[PDB]
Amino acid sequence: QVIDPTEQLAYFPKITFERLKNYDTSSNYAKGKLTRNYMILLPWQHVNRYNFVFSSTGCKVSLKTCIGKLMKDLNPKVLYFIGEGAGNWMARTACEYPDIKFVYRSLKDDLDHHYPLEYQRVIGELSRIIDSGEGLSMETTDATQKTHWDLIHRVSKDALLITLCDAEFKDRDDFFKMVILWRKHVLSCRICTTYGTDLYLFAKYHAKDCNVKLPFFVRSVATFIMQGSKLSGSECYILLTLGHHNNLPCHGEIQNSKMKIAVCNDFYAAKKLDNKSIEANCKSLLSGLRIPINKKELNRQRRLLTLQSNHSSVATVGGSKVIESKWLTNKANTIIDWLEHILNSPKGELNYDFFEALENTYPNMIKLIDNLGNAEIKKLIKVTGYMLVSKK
């Protein structure tokens, strides 16, 4: 009925990152490029995320790990989370800082979560979310709109000391709209102006270009490259504050940092296994999948399929075909074939070198990525990651 947040923090994996402090001029080194082309098609950054269901941003980013000193120095009573979705990042934060209250905002588009479903699952009550965006319109929940920032203080009368943004914007102009509006607020708003200029915005950014200037009076303090970000892209987290503007992180600097982590570092597994979560992810991937996943359980799911496939097409009206239902068995077979491959495969360390091995030792790789959808593949990697951790 009542849980302690500190005990839940063992279900969250250790985070590996790289901080790139924004200094004056340059190193004048003309440093070499590090490249490694991993032959991977699957989202392997979900390998250590088996203990989470709706959102798993907390497995990738953490405030204690990245901006711990700033958290101690500023000592915020309230944290503002924008573009939060199911709120797993906010959930990890609630476990690391058990006395902090939250103001949550997420776009009310009804395509993605606009309620903290993961936070509720991890924390239990939602009592610490003093403002959950309830009763707000689609534009007052959209960080690219002035009205969102105008109603941010409707419950909390604490200044925007630290704002966390994990929104995926359409384009960089939409990101700039958010950053400009944040600046406009922290310099207009009575509450925030009273605190001063020591106000921060820690936002997700995709380093596309080079030498792109931040808006006027918006200075980047540091850039964080996370091990948990999709290898393929150029995603990073940038800590911004008020001050003489500088440049956004460049695609080149990000790639080297991103590459070093992939080549050098292993993914840390969670200290404890949340068996209810793993069960939910297993059932979400394949309906009726039980833990532990072994030869017996995989053959039991194959038995359940072989007896299910032999069903005579009898109903009232021909609306849902058995030939159409054979596509659901096709997906199920694809899943079992992969999990069987994982089970038969040797134990290794959680790294992209071993992941490339797992993928290039599997014959129906292209049939897998063609048959399973993006969310299904993410679920498949959560389950795979559990299987690999369970080994030896």
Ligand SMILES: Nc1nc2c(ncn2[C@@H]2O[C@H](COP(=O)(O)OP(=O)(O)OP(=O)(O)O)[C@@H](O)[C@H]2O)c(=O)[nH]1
The other form holds:
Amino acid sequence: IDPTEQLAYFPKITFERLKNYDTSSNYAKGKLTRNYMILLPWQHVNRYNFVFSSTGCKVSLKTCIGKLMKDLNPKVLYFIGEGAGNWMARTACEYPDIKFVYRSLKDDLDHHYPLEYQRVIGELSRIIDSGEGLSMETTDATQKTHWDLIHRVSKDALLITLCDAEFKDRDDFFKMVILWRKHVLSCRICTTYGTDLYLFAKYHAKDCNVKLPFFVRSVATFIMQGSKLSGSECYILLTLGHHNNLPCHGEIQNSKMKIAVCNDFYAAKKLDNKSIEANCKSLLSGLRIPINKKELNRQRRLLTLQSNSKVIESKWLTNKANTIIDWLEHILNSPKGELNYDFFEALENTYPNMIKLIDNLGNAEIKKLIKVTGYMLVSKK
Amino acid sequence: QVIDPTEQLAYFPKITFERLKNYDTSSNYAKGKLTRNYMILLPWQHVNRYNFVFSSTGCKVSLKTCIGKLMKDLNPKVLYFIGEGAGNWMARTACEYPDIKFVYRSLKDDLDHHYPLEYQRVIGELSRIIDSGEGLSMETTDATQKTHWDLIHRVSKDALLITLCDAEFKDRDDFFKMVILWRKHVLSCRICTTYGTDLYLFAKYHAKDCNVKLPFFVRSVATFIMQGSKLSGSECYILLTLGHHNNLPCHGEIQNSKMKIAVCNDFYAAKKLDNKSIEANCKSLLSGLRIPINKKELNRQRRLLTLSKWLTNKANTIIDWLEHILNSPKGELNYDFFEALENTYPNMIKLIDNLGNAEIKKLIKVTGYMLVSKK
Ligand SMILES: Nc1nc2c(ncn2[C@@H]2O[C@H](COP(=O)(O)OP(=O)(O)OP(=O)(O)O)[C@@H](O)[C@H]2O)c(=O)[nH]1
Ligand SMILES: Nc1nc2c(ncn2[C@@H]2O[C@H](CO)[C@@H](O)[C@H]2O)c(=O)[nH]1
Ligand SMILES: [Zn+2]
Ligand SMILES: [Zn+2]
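Starting from the form solved without this ligand shown above, please give the structure in the form deposited with this ligand bound.
Time for the whole complex; same chain goes first.
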């Protein structure tokens, strides 16, 4: 299967690049605030074409760091804390000749194998190092051993290292940043390319005026439309050089808000009907495409015939089902609008049983529910 | 010598607006608020208005843009413009719709234009104004008086399908006087009664209060929030019709919609430059000011002033600002960049204190030209 053809399944990306300047601002700018009364993760609205990971819908190398990718021209890319590898899968479609070195923490929580890359690309042939036969310690980016064994297959320098790992504290993030630096300055292979080595990593801009480790200079800060509205998540492009400050909550919030108020979510050019069906069946077993009044009423019929392990115990499973159908029915009866938080705020505040929904469905179920919602909204008119 | 209206249309800038359709449902959801405090003191809504002199209402509101579908469906042969002043809104309409004839009205007083000066400058001749209100009293040109409405058909025998009002009223009571009289006419008048309830009044309104009921049998169809309206206020254009009455737009609804256009959208510049109009505004701002405005042109004005201290103080203030605009980097036409321009100027309060409302509006037109002229 052609990678460039598969690229039409990933949506377009809207973002803001805040280039780090040595010279002071000297502006004294106002603040941009808009309190969206939303309870659902609407950043999954354009991610219906994906199942196990959908990071590729949020961040893209060709979109954000396209010029650096062109200039440096990496033969191999290093993906750490990647999970099911959907951001790595998008990269494989945008750059069809690049090989990959994948690493992800080996635990029961989430994934430690690229299930989505396997799904999108078809085969793991381009993943020259998938971290097979490694310990939990050697797959942890906060440990020295992870960095020591990074070249066990690939002998190419760490020109562009991609990190989408979620850390406990900022101290764990610092552990990784320090270890990256220690490697790129010690390693025989890497030392050859010098200071022109990059680490593009996910960071949550909590505080302000926080100094990066020594000889770690942030080049730019990327604020994604795909990042959760509630937080202060961003992607920082780091390099070796005279250290500077991590992005502050303030700047991130102003940029985060402009994107939420102004821009609309771009839908995918093509529809992966097998992936949509998978998410539909993942949300509610037996859910079929297209989702219409007829399709919804049969799901209402299927639960009626079941009621007419304990007998009282199965009432929990049917309660979840009703909640899902009630929401999808509400989306169906809702007028078509543009994919934006103003319209999403309207959808939620037009629904009477909103709090019952959040109470009855888990975080993963509600994310799945948004993928299905997004498909339905795109399917309209 | 021949003046084409469609060619003249390239002098009016593009319009950005938000239409808030009034829904019978009587069920509005609970929403959040959008706030951004722009530290601005100048009427920046005049930046894209350099090509106009006496009136520039057409830079802000347009019939083809805002109510193009209604203009198509109800194809009006004649349009009625009340409280029009120099008639720049009417002039834009004449360019967008080259076959429509007009009936013009504006209050006959020393305080405002009671003759379409801008229409004349744009179109060339008053041939399409079949009724310019010639030989009428101040009472018969006041939209709050019955006699104004009684004599509206003295020339035109076409129904009031679309009535345009850009009048500024003292109280909301005066606005209500007009709205009531429009209704009284469109329901009494032999000519108008024929078209029934499908008659419209697109009037300018300041959304001050909330949950204010429109007069009986007067129903608002939609509310238009213009980018061209002053940021500070709560000015909007309401499209009214005959029907079971509803509520006037509330200050609340407006402010969010008003703010979005300020944060998101940029001011579109005019495709062509009316160099005669620019020169007129330049000479209106400061006598002897010539285009292009450059370091050489500004230093000449500094020199000319060296050889009545009140008049020279105003001149220095103007030159100081234009010099600041000249030395300023080119940016996009938006409130973020405009906030930067006056945040970068040290004598901001002296400016507002030394120049009148009309002078500052002229100063912004000249500023807009200079900003567009860059790079
Ligand atoms: N919460 C959240 N997850 C995001 C966001 N952007 C990307 N993600 C990633 O997407 C994952 C959840 O989406 P999926 O992998 O598509 O699907 P899911 O199988 O329904 O979910 P989980 O068990 O919650 O991971 C998260 O664990 C993140 O790795 C975001 O803004 N918010
Ligand atoms: N939008 C807007 N237009 C104005 C304002 N004041 C005057 N104008 C119009 O703009 C023209 C400027 O010459 C005036 O003749 C009026 O028609 C204002 O505060 N806002
Ligand atoms: Zn190395
Ligand atoms: Zn009549």
